[PDB]
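The form deposited without the ligand is given below as one chain in structure tokens.
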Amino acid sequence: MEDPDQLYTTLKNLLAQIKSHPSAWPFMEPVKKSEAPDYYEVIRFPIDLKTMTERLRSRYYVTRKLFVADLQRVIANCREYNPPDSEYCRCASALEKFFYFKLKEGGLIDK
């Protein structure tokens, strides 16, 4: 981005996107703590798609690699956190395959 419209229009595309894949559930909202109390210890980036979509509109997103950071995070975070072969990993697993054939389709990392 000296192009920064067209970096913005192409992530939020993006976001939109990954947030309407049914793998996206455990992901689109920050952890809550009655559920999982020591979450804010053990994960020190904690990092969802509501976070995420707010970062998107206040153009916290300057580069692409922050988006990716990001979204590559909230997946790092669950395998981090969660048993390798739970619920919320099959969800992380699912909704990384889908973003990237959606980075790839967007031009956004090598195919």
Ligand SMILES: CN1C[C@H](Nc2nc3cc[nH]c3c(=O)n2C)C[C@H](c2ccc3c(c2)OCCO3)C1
Second form
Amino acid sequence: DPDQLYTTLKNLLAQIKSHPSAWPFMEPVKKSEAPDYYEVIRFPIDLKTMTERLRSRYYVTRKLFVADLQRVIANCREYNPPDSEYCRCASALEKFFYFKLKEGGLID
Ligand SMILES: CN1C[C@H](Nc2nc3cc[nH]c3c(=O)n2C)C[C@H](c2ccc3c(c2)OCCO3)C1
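Okay, that is the form deposited without the ligand; can I get the form solved in complex with the ligand now?
The complete assembly is shown below, putting the previous chain first.
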């Protein structure tokens, strides 16, 4: 059901982008913020790029969307010190989006 999938993912992404802990993840990391980021992190991802992917019908499966969303968090934990504001935000956003993924029937 492509339309159900699209609208469900759209509605989910809108909620994730509204959460207060989303702020580090809304747009791509700039080289001025982290100069080696694009050498260290080889599949960079952020919520603006996820919005572009959604709208261009990249997310033809639920799993492709979930992979990208989970990678926002994984990249943060790989790049940054484990005790850091960015990792705190990542953990808070993750907690929220797992509540929302469960609410939406997108994971068990
Ligand atoms: C686009 N860019 C992404 C940055 N994202 C980011 N930068 C770094 C640097 C080292 N590591 C990481 C990392 O993992 N991420 C995700 C966050 C940065 C930002 C800075 C200050 C803010 C803010 C956003 O929004 C509200 C107010 O102040 C914006």
